[PDB]
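The data below hold one chain only, encoded as structure tokens and taken in the form deposited in one PDB entry.
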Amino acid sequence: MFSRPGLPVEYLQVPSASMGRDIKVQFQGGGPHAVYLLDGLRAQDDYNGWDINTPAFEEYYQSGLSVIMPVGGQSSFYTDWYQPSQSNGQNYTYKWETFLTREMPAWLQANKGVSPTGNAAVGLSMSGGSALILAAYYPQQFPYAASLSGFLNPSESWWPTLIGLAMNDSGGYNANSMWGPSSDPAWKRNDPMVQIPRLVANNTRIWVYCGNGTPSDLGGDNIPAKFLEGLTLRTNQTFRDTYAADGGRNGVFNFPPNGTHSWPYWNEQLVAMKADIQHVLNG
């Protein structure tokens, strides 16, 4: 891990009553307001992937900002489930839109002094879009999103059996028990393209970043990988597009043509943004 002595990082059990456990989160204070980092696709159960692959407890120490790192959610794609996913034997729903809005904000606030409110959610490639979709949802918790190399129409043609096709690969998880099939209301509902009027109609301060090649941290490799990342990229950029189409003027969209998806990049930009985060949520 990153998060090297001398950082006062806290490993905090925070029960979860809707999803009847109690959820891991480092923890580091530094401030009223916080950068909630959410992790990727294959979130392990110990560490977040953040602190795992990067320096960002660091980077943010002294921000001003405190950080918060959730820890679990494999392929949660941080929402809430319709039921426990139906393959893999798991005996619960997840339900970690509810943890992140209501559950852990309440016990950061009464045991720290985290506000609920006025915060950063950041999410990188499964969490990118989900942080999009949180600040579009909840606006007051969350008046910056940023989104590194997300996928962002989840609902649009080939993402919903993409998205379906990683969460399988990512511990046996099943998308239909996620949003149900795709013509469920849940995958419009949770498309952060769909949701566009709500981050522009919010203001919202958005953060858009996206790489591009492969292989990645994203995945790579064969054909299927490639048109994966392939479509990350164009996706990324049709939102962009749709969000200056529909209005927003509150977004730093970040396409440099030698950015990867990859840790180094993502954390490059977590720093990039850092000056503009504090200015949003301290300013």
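Positions refer to the first chain, counted from 1. Here the rigid core means the biggest group of C-alpha atoms that line up within 1.5 Å when the two forms are laid on top of each other. What changes on going to the form deposited in another entry:
- Just a single entry of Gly30, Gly248, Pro55, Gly219 exceeds or equals a 2 Å CA shift between these two forms, which is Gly219 (rigid core superposed).
- Put the two forms on the same core and the Cα of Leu228 is off by 2 Å or more between these two forms.
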Contents of the next structure:
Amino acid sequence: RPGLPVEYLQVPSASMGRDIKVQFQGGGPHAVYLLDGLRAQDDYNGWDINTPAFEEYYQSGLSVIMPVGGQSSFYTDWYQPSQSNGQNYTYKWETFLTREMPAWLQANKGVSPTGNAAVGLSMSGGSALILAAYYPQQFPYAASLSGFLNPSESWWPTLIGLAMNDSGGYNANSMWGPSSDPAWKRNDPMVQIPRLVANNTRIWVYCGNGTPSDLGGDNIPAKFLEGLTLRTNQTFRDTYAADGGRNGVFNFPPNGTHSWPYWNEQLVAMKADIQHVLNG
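Taking the form deposited in one PDB entry as the starting point, write out the structure of the form deposited in another entry.
A lone chain is what you will see next.
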């Protein structure tokens, strides 16, 4: 027998008409779903490319799930195929993560469809909170690392639209419609704080301040993006408490850029908390 039981799986998606690749390390009935960033590749999830996540969670009593693909998808269900880059199907990542994938993992890998953690970064930080907001039994724990937490507000729909076009030529209009469309507020974590409060979801929200430490990530884009989204994260913390939120961890250290070393540092930092919440 091998060492770490890392697997590479093909999970059929009826909604997207294709098999979705999923990296997996079985290690318990509850799992940590590690969502990727905006530039998600079709071969491997960014957590396995850039961090020791599997090694760090090996023997933790938790399974680790790293879905592969979904560049610029926001792990959401889109209204239509991305208009412009020739995408030939409609992304239905929320349907995949909440219905198709958990059903398949339950049947084939013994993973419970309920009582899991959604952990996202950058693009998927907001996705993790939205998944927990609407599917609280599946995700009683959600972590957002350097997420964009008020996507429907001010300049955010415009900036997100630019970033999606930059990463693969995807079109935000095909995803959630123009910014006036209800889908923008439906998928906005700040707007959905009342749901996170009502469900008493355990949330772990992190955002650095743009100053690199010994961990690295010292480049202008990483510094810029972290400083740009920190304000929104602080407003989210404030709004969460004002709205009766009482189950959140907010880490806003005096360091950190929008890069993998810091996201990995937080994944390690939250392990005991996830073990406590999901496994008792």
